[PDB]
Amino acid sequence: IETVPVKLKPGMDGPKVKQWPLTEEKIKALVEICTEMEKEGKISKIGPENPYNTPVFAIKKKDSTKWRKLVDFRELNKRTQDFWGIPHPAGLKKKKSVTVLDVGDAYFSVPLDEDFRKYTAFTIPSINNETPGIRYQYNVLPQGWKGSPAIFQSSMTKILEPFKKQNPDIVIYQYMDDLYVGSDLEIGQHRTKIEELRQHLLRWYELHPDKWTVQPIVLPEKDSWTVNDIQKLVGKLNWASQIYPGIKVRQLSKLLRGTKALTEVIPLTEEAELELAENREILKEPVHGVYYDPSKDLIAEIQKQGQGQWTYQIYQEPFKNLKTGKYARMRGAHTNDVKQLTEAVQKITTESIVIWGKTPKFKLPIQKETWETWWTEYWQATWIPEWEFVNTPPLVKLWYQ
Amino acid sequence: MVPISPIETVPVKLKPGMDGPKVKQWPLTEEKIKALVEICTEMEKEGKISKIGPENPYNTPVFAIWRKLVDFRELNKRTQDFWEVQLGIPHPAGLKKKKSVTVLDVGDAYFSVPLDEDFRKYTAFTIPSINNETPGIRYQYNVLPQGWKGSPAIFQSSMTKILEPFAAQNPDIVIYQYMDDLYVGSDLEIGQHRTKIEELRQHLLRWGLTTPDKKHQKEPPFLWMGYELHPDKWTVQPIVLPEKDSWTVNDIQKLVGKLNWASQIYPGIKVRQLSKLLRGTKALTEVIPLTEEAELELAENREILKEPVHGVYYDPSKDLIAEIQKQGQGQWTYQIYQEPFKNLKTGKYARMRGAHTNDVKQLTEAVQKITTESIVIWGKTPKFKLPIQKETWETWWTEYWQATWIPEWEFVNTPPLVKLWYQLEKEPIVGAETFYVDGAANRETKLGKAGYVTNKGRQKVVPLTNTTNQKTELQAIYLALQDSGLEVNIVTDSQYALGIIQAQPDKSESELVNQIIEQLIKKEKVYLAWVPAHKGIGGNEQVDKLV
Ligand SMILES: COC(=O)Cc1cc(Oc2ccccc2OCCn2ccc(=O)[nH]c2=O)c(C)c2cc(C#N)ccc12
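Residue numbers (PDB author numbering), protein chains in the order written: chain B, 5 to 88, 93 to 212, 232 to 428; chain A, -1 to 63, 71 to 552.
The following block holds chain B by itself, in its conformation from the complex:
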């Protein structure tokens, strides 16, 4: 009910990001939504004296046909001054289950600092540039802005204070417009407690981290090896030697002596079996000296494996993986690779939020033009991470398969 002054970083002007084209149905949906918000005072029309702009588009979240407005506040977020911090709950990832709630509506009851409102300007575009785009700016805390949870932190603490005092075994975390609730109860008791918390929030996404862990490097177990089998094994072991120190391949490379046909069966010598066993024992141990640095960026790499299977690795220093995973979920994206990649980016980003409380920088195995043409069609999250595009096929694809 009282506005807190908000400013920008020194020497940085407001965001001036071009609005990308939208389909007619998305434009109409945004017109209806923004009209309703204007009648509620959440936004107001602006004049030509406001040169700032932030992209906007429309999505449809899970289990709902209602269009939702999504603002890409990435530029404004990185241009907004740093708000200060709460240490990340290291036990949220350890809990049995976590449910994600959308508390974005609660932001619209808190007004926004007047002098800052001109920096939240956005444009509903028109088809074929026929009429001028409808320009708005926010009067309250907008969804997607990083300052909205920081400002609403006190109010949120006051709302959740009774529930937190009632259940000390439930971990509550907040990121942007989402509230992550971790517990160890039963799925039924978990859902009933989630209804309890949502009505507690009313009068004022099942996710099980325990079913995801870190994945070791495994080697084949065969009774007969071909020249090709041993060559691939030596390739993967030589690759894993960048991660594990004591990996040695000289006794297995000793078997490849001579120009043999690739399909010829080679029996393993005793030295080769011993070397392979030592390499297994080495791979069973964790990686040496792998720590998380909150002052560094998280990097996520995704490999398309085929048949709707995807692999990923979150790290900070090369060959020092903080997390690895394999997303093979099939949900109406059998014939669309881009939808699969987008849902994979969203799941990986959610996991990163749960573990470290911030989003990683993605390396996407896709051409820029394809991704930038289609990714908003399958996006369902309220945040947006950063990404770059790898245009050279990485050789380490199968070594993660």
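FYI, nobody ran anything at the bench for these hints, they're computed from the structure.
There could be a bad hint or two in this list.
[What the hints assert, rightly or not] Below, a list of computed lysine-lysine pairs in the DSSO-like style, where the Cα atoms sit at most 27 Å apart: (1) A:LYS13 - B:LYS22; (2) B:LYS249 - B:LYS353; (3) B:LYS259 - A:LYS528; (4) B:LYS65 - B:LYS32.
Keeping the supplied structure of chain B fixed, place chain A with the ligand upon it in accordance with the hints.
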């Protein structure tokens, strides 16, 4: 007097830290001075400007060309940034046919909208006195000055706010604002349409805005932004390719501008060779002789631009179709239409700058471009007709290492067809010879060797001059492809060569890569396996090529 409705002013400031302009006034001739005194006298009588005292420290130079011309370049440098909603013009193919269409230019556009009074002091200008024996006459602007940074945006926003209630209570007409002109259109009867036009110019008159009283001075066809807009069709203004003894850089750039601009409606315009003669010239006068390829491209261009071609307007009740054809040398052409032989518009796409490429990737890129353009113009993605079989696309995207997607599309059997030229095996081939290849080069002498040893005892090492490690690795693979049967397993340690081949090109800048592609096209089955180098992997002989 009927009371005029006020026009809300736009608060304007200068850029942060910057101050208003202070520029010395030019010395003008006595004739020019008298002219500017008469002009500014009439303007002050009309209320556009006002005399100011000596307290104002800002000044902007003025000229007479009589017509007054104030040079606001410094104030524009110092004025804040505005939101210019004019970023790209509407494309005629996006318009919808209207039974009646009217043009209403608003006279005294910027001079009818008031200026923020706190900002008028920065528009001050002086008229020099005769013989400079009296202080020059000081003036400031009370309205939007033509030439100032904020006049178009403020004018368009004010016009939009004025037009909003009329458009709201008239959902059966469409209004477009453009500079000092308005374009209204409707499907009503001509009498009702003219009536609603009279209502519109009345509603604009309520705010003090004037429209053409006579018969509207512009009637179809309309010539606008290089276009011809006709009652039922549209096209570009005439494109004439000239005959020339010799063509220069400016002649060739004029021609490529005519061809690029004409390619949006004339199907099949090619510009690869004519624009290829501009590869790093950077000299407007440097005459460049045309290759016979460029002259042939010119002949085809004239043959297409022989007689006029028109595009139709958009009908939202019919499907939107986009068909693509391959032209060769990275050139693609496309037509967007809703009925056969009646195009909405046309266009082309050239491949990006790359060392390696294939037809499927380029077709994908062209599909993305057409998709974005279609969303811009019509607000939807069209159904595609592509010269590629369904099975070909299926194999491509299922086996491609990157993620890729094409929107809804169907196969059209119009040669040349995009196909996959080779596919590598997933597993080693039983019964096929195994070629262990390797190559190496000396960094100083540029001498190298490339070759293979096989499981059947076949061997070859070839010496090479003026080469590199990468070239000798590719050369080794090429040698194995030349000397092997229709089915072959190849073992290399070159991460470079595997990086190239796993990108699946059908065409390359390097002649060696293209020869490798030609060898792969002739093979039945090729399995390419990679091993680490210098790891004592027998067969892979780094020492055989390091001698
Ligand atoms: C700004 O909007 C545009 O750029 C499109 C645009 C639309 C327009 O006219 C229209 C006004 C309102 C709705 C649709 C319009 O055109 C529909 C298609 N068309 C076009 C011409 C014709 O006879 N008959 C038709 O059915 C006019 C008359 C324009 C005139 C000029 C000029 N001089 C420039 C652009 C114009």
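Status of each hint after checking the structure:
no., hint, in the structure
1, A:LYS13 - B:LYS22, "21 Å, holds"
2, B:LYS249 - B:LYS353, "24 Å, holds"
3, B:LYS259 - A:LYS528, "24 Å, holds"
4, B:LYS65 - B:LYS32, "17 Å, holds"
Hint compliance for this structure: no hint is broken.
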